[PDB]
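What follows is a single chain, given as structure tokens, in the form deposited in one PDB entry.
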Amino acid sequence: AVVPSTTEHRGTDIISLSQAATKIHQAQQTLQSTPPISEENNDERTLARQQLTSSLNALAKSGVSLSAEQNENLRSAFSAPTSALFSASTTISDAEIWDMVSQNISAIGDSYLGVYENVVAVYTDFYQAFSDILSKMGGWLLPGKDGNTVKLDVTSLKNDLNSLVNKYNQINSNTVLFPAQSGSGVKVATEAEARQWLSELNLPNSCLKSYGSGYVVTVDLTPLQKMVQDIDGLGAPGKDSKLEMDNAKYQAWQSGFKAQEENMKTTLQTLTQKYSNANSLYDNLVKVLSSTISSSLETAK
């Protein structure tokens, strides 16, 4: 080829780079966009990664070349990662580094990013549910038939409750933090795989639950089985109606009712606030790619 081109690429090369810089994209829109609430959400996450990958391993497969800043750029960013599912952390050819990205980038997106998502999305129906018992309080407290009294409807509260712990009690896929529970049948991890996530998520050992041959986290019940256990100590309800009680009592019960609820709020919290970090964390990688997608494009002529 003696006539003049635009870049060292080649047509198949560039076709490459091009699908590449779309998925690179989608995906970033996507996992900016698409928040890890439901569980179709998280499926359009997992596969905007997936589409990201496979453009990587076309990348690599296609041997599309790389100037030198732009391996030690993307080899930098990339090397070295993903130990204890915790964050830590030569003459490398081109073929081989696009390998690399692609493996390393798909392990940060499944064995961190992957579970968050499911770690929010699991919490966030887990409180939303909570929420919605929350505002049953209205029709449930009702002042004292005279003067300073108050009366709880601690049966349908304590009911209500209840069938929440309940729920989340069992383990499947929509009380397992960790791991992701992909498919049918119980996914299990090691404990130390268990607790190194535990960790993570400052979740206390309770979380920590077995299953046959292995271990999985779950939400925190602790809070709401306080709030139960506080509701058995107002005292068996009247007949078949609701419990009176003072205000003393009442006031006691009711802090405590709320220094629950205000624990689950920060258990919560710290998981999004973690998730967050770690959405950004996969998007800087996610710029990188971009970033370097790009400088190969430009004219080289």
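Between two forms, the rigid core is defined as the largest C-alpha subset superposing within 1.5 Å. Residue numbers count along the first chain shown, from 1. First, how it differs from the form deposited in another entry.
- Rigid-core fit between the two forms: of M264, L243, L271, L31, the one residue whose Cα shifts 2 angstroms or more is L243.
- After superposition on the rigid core, the Cα atom of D283 is displaced by less than 2 Å between the two forms.
- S65 shows a C-alpha shift of 2 Å or greater between the two forms [criterion: core-superposed Cα displacement of 2 Å].
- After superposing the rigid core, the Cα of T292 is displaced by less than 2 Å between the two forms.
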The other form holds:
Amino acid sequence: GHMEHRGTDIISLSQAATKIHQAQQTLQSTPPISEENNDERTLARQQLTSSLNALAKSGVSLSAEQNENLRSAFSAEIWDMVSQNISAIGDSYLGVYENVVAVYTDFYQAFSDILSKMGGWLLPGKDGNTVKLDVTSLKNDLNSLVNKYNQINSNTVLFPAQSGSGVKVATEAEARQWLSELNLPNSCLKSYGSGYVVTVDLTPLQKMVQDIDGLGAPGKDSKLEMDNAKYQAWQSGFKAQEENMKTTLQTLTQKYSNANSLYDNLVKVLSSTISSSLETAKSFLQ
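Show the other one: the form deposited in another entry, since we just had the form deposited in one PDB entry.
Here we give the lone chain, stripped of any partners or molecules.
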């Protein structure tokens, strides 16, 4: 125990610092908006975990204070506990949030694509005080989106994260915990086979379709002639529902960001611990 090995400690600590910094760069730069991006993020966390596994085996020494920092933050042996703890947070918390954003991203794009058609569904009325709305084309497109995202598959499931040809499901209790965590309405909790899933919120779309039927029966052309005031009042209601979906997506992306920030704060604790150890290896008390 009397012979030092600063050279090898410097190499081992440097190696770990580098891998941790690379994983951090990935997790701060790569948005969780596609399967491909999330694969990159998951790989970055694997690279971090592996680096801590290697560091644990390297025999670098921790001071009492560094030891304590690690125990406190993550509540050879110490590094294995740290690796286990951060791995759980990455897989079970951050990785679920990443799936939530990617799934919602594509859903919301599908909605955006319908909004892009609305211009063509609003025509001149019989005179300057009236309009003609293609209520049939609009309702059909919304109902189609509802139908698509009312299914249970990888396009629709927020939790659990999906992969392979089955449907991964959770216990009701675990699913409700995520429902609460995500601040989603109760309609998002769905039974599937032996368990439960959490899916996208269709309620504003369904409300839109209801308000369309509320305007009254279309004419012979499947379109609805409307006085300007009535159209304006309907448009206000439609926008309100668009706002609801926008708000939902916003909550979810902010919560993802905070999950990513929580993981990053742990990474900072790692980097600071390793940096302090590197100073120790380089320092000579006179």
